[PDB]
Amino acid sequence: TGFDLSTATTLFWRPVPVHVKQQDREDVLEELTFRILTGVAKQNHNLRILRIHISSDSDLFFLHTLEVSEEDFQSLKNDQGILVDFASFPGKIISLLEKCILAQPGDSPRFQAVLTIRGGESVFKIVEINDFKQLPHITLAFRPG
């Protein structure tokens, strides 16, 4: 049962500059590999699912993952003021990732991907940094597994 990696469609798969924070470590800027795929559940091809994988490349192939069923999306959508439907969601995330990829140090507003790892969870956000403040454009929670 569950997400069928077998027939999933990958929409985006490449490195993205990320500003990482752990409690007991120095801040780091790392290119992390981001992958966004849509698919369906094996036991029911009618269940639509979105999956996002974040990872540092290593021979462990170890991932942090987020999985959002179309059902989960209803709640996620309302908690973040998201205005698009489930099908359009990945594309909106991808556009934000592209701005992070494009961003250069003098930009203003500047787009930046940020990751904070605490306990068994990572919180990923894409923020804009402007002459006034930093503010989030999207926030996503990830988990190992």
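Definition used throughout: the rigid core is the maximal C-alpha set that superposes within 1.5 Å between two forms. Positions refer to the first chain, counted from 1. Only residues modelled in both forms are compared. First, how it differs from the form solved in complex with the partner chain.
- The only C-alpha among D85, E31, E98, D57 that moves by 2 Å or more between these two forms, given a superposition on the rigid core, is that of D57.
- Shifted region between these two forms (3+ consecutive residues, every CA moving 2 Å or more on the core fit): 57 to 62 alone.
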Given for the second form:
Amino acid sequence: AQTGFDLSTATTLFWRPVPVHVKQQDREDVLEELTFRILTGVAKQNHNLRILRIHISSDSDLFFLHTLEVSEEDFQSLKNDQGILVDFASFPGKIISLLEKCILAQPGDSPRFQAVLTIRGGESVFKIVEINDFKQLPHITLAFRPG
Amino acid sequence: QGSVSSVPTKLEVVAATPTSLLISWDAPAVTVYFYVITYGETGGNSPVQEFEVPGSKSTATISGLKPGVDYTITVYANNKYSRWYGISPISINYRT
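Can I have the other form now, the form solved in complex with the partner chain, not the form solved without the partner chain?
Now the full complex is given, and it begins with the chain already shown.
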């Protein structure tokens, strides 16, 4: 919408399933493998605006799609809401290494990293939490959008 | 330390058509972010084709080859070692 992702000169960073606990309004909770595709690119009218794009889809439902786009300008607001201490240049690697932690996670792990997606119609909230002996601890929280 | 391998292994052709191939390989120890598959004619100096396959997949189909020519097929994995260490590919040559 805002951003203007080029998509024709995008760089692929990550494209694989991730186990996600999906929480829906009027449905029972589901543990399913969702496909994450992470790209970076630039705007179509401004090659100097870097943009991070994340698309969540499933192999079982083709019309299921949730998207997130963070421009480098957007990142400054987001970096202060969550107390993020890395720069935009390194931000995608931190997301990827958290996703990697949830791929490698095992039921008996403690701390155990876990990916969660909650869906309200036209808005979804994605978080990766670390469950330890004392609390569920969010490492990142990201607002997604249908389509 | 076989724990830290990032190169796929035992890349092989499992099925073939005059112009089509089905290749497969075993994943490395590290988590694969996605795979890059490359192919071109084994005779030098004409371009390698490339495409991406998800990190969970272990096979891919290739189209549009010349019958009776050998291609150098290469697979490598994007993974945690991709930022600061070189591309670590496995390669085979296959005819028809």
